[PDB]
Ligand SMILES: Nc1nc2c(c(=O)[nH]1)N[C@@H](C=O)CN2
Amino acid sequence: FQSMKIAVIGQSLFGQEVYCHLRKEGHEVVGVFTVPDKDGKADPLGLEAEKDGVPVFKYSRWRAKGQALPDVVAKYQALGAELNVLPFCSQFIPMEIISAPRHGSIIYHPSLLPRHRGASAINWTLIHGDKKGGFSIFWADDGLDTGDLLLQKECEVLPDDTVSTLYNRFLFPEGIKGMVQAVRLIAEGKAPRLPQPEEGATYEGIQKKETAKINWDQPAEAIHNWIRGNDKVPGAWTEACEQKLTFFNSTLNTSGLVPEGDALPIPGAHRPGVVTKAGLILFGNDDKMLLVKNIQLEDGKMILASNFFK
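Please provide the structure of this chain alone, in the form solved in complex with 6-formyltetrahydropterin.
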């Protein structure tokens, strides 16, 4: 064993939990780098670190005129970190920071690397209807999500899984355990390095609300995968009845359903939607059905799709 000085760079409840476990294991978290508020909620990793008197720093920022801000780097170097743990970072972290610690930097990534390198990997897993998923913890190198693996765990992906369900069922609870296990291996001097194969590598970038717009010119199954692969964040959407509607809780189980109800005209779609007591029936460009159970209105109100027209 060895108790280590660790810099934590991340966010969210996931980051908070990794932070708590590292401390429970006897490591010193020398600092936390997280996201700002927005709005006016503070990040829970930052709030937890602040409670404990651990240095907390908020970006981004991160960069200006090519290089890493001299300020952020300064704050980092004072900490004397021996390892960086990245439980949910976002932007490229300059190699002056990534490569500074004796033990380097390890990163949590919610896909089976080399598949779905880049941001929003859980979205892209489901958008493509992958039948298996999981997470990787990997050693940062100078590429984007190309570094050798430390460990990887797989799980089955179910036909109606969403980003949120797959995360809460597996990638969150097992991912936290996995990061903890990784730090233990590093502390013991027993951490593996498993180079990523070239075969099957794919890359996608961040999925912001704007690029979650539905393309209706696809089969029902692909549209279902698009909706669930953006559910709940950032939320797949379209224009209908003169507003922006976001669709959640899709299924391809349309057993016994008939397309009778109140039309929902959707510009660009192969057929109108139909609001039924079961929810919103939608058609793909193959005239096959999918069913959306919930709709978020442009003003943020969540409703049952069956209640759209009251």
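Residue numbers count along the first chain shown, from 1. The term rigid core refers to the most C-alpha atoms you can superpose between the two forms while keeping them within 1.5 Å. First, how it differs from the form solved without 6-formyltetrahydropterin.
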Contents of the next structure:
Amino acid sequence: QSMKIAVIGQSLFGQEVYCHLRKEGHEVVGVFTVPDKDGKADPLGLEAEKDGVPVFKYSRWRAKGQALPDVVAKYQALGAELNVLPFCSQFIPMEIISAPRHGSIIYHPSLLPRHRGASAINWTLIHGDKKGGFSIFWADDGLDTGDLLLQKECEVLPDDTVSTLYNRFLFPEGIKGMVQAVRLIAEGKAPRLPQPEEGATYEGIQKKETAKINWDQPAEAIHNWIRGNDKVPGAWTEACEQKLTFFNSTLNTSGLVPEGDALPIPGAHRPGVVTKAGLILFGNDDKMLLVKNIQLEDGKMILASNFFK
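The form solved without 6-formyltetrahydropterin is what I want next, because the block you gave corresponds to the form solved in complex with 6-formyltetrahydropterin; please supply it.
One chain, no partners, no other molecules: that is all that follows.
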């Protein structure tokens, strides 16, 4: 009923799940989160520090092919009965996952078995999926193969980005879903729903490097690529001697015409055009998409229409 929980996670999502668990009467025995980065502490770590809950910060969890003995010891002192992984950027070693009585439950922002692995919201959108959602699932010895506890779906809209889909649904409903899952576990009523084999896909973490734009694709695929990396890590290309990151794409180009200032883009099927509406780009089908914002290599964010000032 009133459980000793280890929270392994990060970000405001992790903070909120932490706060709710405390409000429901559970004891958070410890929090494992990410290091400060940079000069900025993780908000879940800061909140737990306010409360005097143990807080441990790690980027890597392993050495010599095993869980870090340091982390195992710190973890074993806590006596956790359940692990909750609200927003966890990596896979946690099996030695920690399998330790508690009640097991480990994990939030994953896609409709498992679709998009197993990291960056699942990015891959949802990169593939132009028409539905998306999140799962809370029981960790097993596999990679995001564990039985579901609950799953909630939402419609994906044609210009949705990682940030808009997260803020509209996966964040607010996902927090609610994790909290509901813990309540069911506390009550001894949590479902176990084995994942079907049909439709399983896997992708790994999407770092800035692999967000580089492939121009040899139809406009619709390039639009899905840009929005599926917006805002993090940010789809990019090299143009005008710098690395430019593109945000806020749309395929609504009704009434637009390709007149303005050329933006030559090595490797693209046609040059981009800077217009009053934004940056017009062409896919390899000579169809257009429109990018409204550009982030310069130095980090400055601009309206694409203002690129040449």
